[PDB]
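Form deposited without its partner chain, single chain, as structure tokens, below.
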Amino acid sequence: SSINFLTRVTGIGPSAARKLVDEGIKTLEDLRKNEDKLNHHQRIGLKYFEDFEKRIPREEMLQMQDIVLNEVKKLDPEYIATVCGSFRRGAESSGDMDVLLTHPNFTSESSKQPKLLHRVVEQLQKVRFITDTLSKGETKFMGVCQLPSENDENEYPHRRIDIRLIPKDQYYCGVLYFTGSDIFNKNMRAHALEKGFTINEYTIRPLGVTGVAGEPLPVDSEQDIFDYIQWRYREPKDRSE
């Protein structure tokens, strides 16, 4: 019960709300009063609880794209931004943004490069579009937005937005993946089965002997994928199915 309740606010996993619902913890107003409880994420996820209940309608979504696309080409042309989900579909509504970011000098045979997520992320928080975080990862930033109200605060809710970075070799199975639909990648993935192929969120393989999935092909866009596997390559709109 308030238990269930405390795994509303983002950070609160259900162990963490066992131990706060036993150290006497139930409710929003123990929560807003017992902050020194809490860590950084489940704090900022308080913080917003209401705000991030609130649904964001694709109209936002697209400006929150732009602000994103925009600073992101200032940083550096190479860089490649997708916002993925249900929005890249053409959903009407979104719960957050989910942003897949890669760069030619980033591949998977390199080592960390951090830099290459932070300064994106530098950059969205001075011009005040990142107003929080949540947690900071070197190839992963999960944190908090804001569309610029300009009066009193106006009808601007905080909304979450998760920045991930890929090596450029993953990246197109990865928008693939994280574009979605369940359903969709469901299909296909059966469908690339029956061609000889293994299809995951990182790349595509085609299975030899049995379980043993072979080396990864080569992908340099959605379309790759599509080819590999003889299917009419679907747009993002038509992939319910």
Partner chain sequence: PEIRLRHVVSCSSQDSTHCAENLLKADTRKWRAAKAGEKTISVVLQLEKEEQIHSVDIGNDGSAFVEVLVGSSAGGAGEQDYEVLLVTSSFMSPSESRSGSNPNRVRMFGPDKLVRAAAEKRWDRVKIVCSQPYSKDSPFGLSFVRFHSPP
Contents of the next structure:
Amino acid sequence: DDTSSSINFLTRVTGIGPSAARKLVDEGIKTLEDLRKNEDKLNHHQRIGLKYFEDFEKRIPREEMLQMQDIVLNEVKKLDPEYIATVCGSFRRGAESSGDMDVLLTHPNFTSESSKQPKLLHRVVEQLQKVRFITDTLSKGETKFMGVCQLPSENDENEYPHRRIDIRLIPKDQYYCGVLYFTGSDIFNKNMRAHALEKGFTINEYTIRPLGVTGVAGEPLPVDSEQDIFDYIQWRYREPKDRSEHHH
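Given the form deposited without its partner chain, state the structure of the form solved in complex with its partner chain.
Left out here are the partners and the other molecules; the chain alone remains.
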């Protein structure tokens, strides 16, 4: 069938962008059946993304999300209590199901002025490996971990599906801007940023900055909570639940 049709398919595998997707086509790899016969032609990320292809296309019930949240938040608390981990995405907005678990991590000792500290994220990552929560890795980054995890099923018990997990390590002074952005709703973040500009401020993934009289973004403003951000723009605080595609 159509080449783009073949391509559009391959992209659905985690780790297979359009570039890598076209190279698989030329080499004759159009289908999943083909991909599973050609793992050597994929990098690890992709090799594993294909391994769990079926499990990653399913939705995640909120009950499972919760169980997952607990495992994560516990180990992280027991490791170092100064840690701060907030599961975000649709889950934070009270969606009955998620597509994947998006964790954001931070620590007082790690600011944007301080030294890069991958071991703050890896310490959390390797522990989740011990307790057998993270089954596989897709990409062990310095600031973001991408990988696979599974809820425990003690035996004779039909195993849970495997789920996509993201863990972003973020500077403390940029944390609640990250949570805002990664909880958001595409439309809510768009609407809030627009009102930011109305009130003369500029919000982004990292920071909220005032806009000078000539329109030059100023210094990042102190943010110790999502409320702070709302306050700067003097906008009523919307609970995550009300960050729908219905605006008021």
